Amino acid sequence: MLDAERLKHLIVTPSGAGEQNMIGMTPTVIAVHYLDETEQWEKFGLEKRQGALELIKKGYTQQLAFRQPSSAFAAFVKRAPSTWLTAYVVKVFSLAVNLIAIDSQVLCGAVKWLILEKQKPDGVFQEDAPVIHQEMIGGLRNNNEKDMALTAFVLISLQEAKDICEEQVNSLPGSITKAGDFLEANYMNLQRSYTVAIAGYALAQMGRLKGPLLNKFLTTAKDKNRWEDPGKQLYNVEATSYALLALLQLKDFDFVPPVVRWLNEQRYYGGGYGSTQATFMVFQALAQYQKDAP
């Protein structure tokens, strides 16, 4: 439970286009989410929350300016829509539903577009127009195991928006099962701890991380406390956060403490260049820990 005093830098005013606006919206949404769940508003300064909610609304409203007729999103209205960005918008908006008024049409419109336009017959989600801001995609920037990493990423967004979009988007359940099929079928082949963690989470969300796959997920953890790859530490923080969420989904509370301890000791408080995924993920994971861990 990172103390509120350390998170002041996360109350960010969003500005910029389709990607930049989201880079700015991210810390504010997750900071409010985290402060709410850990009940730290009094030790943060309750008089700071209303402005934070306004900044979040500011981010949402600004983002809508880049919502294309297809309900997809891109950095600029004339740029081909990005599968990743659209899925990220869904990821953030779904989590901010209780913070501000998110128009279901917008949310579910994006979900629908991803399913009907970017999912292959084998369940794979494909990206036809990569984001300009490659630093905002975290561990996905490493081109290794892209099909798995991206499908897991998009699948996680769809699952978070399932309840809200189920009736409005009938092809949702099928989409989720297909992507899950793809992940399950190739899970034993993954070499990256990042992919093992992100896909492990997507699978656990469906209750499909079992037996050998579950065993691979657990044993991939170095010293039973983190999921890491020989690269940027930021990617490892993000991977370990996805892994923690998977553990909570699995309700494997025995394995959890070492992981949260490692995450805490990183003393990472988000923010900074290329911090979008690590910031959203670490605070989503820790807030979820507060909510679910006995």
Second form
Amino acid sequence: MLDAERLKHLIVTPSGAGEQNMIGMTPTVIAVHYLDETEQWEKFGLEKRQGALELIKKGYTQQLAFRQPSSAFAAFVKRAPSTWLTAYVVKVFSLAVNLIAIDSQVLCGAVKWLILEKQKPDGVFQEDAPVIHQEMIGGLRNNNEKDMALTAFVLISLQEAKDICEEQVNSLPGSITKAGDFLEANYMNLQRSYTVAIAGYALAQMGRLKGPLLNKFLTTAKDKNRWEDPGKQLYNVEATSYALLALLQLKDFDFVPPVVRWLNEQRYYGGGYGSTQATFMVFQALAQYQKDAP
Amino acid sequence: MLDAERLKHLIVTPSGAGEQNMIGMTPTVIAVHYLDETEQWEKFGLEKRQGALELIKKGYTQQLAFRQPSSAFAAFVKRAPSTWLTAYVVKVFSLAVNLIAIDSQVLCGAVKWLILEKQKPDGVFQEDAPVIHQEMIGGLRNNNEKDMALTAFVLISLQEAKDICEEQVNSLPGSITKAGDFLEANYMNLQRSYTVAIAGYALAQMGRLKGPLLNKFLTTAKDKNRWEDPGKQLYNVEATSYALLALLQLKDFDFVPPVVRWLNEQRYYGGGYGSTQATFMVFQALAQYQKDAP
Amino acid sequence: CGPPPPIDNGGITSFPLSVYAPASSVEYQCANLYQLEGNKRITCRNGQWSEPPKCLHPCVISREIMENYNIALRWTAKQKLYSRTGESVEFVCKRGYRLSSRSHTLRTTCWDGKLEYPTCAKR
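Show the form deposited with the partner chain bound, please, because up to now only the form solved without the partner chain has appeared in this conversation.
Next comes the full complex, and the chain you just saw is listed first.
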């Protein structure tokens, strides 16, 4: 458990356009999430929760200014819509709906655009207008094995939004399955540790991480405590958080302790330029761990 | 079936000018071709294929930089066009057609120039600007029976491009017959095993390997297992590979096994100095053999 | 009229709601590369909804399948090709193969997720 006192900095006020606003929104949202699940508001000061919430509301409200009529998002209202950003908004809002009042139409409208506009017949999601801030997308920035990584990222977002939107968006279950199909058919050709981690969580969420696939995911971990690749270390923090969440999905409680320890050993507390994915992902997984204590 | 794993070194990124670019392009095209035909992408690794395809595109693309307005090729844009290089390009590209997009304009335009600019009325093809890298032409380097060895090599490229080009080049079938006319005319006067092997294959493709000609070819093989001459073994590997392709053309399955045995027993997996032709030829012949297994 | 019917690979262009009757009209759109068949608009009258459109399937062409047929795409976009319903696709036989007797063309049309693959035999 990362000590509450080391997180005071994740409480930021969001500003900027369609991408930067989400960059500021992220830390505050995941921080309130982690503190709620670890029950550290006493050690942190309960009176601070309400203020964080107001910051989150503010992030949500100014994000709506970049909502296009199609229900998609971009850095600016007349920039071509980003598949990635729209899914990322879905990922955050789908968590944030539990903290503050979020309009279902905004969230599920983003979900329907993704599904009806951006998914290919074989289930892969395509980015047609990459985000400007390539530092907010974590290990996806490494542009190779992109179909599988983008498809995984979006799929996870969709799974996150499922219970919230299945009612307004009938095509959701089928979209999820078709993306699941694509990840499954190609999961064995994956080379990067990053992708095996994120696609592995995506498949694990469905229960399609099994047999050879399960084995391959489990046997990509170096020292059986982390998933990593050469390059920017934030990517490895991020990927290993995905694996933690995947393993947690498999109820493989006998594998998580090392991974949880290596993560705690990183002494990483999120925040700063380029930290968006690692911050959201590190605190979501450990939150998941703390609520999954058997 | 030359063990897949033993071919890792054949995937090479192309670099340099009109000639050296084609030297890099060669191992990559032929290795991909070989693994496609023998369906060995599993012993070799299916995730490696896509990377190799990119390498092929690179070579083909940078090779275009040395295409001349006449549609022929040389090591430098300012250097007189080589008959042999242009014909080799046709051979490589023609064999890459289902691998990457090859512009029929490039392919057939080079075919046209070979015919209307470098064939004699009697049929022979003539080199008016020999390549700088004399090591990249294998057995043609032995300057004996050049008119025959060059005529067969070029004709073989023409037979390779026939399907795609016959429509855009009206003179093609005429040129093919005429070169063929010259080949069988002087085939019986041949002395070098290399030449009887490469001319033999050329004639065999048209069915012009018959009677005494067919007879001479078969009996020029030493120990009925190889075609060979004094000198570098690589020339004999190259020559025995053409021979093998000829036999297959003859459906003479009774003669091949000793030939295929001798080749495999040479344990030559491409690479090394002056490897271009032996690399291209051995893997072409060995792949054809696997496709023809009744 | 209650909520509009669901259609496969498509959805209404508006935020659904549980009370419609009557006179109301809802519109559908299909997913990317799917082809809407029927009237884009459905209407409410007498309590029942008028028949919704349906989404004709595209075809996705893969080397994986093409290999069984000794075939390749003519304008070599992969490996993988998406073709909409109605669009035709042009193959070639792969090197060393011919069209084959029981096959009539190397160009075929996609219909609602069905595409004929030409066979090629080998000379």
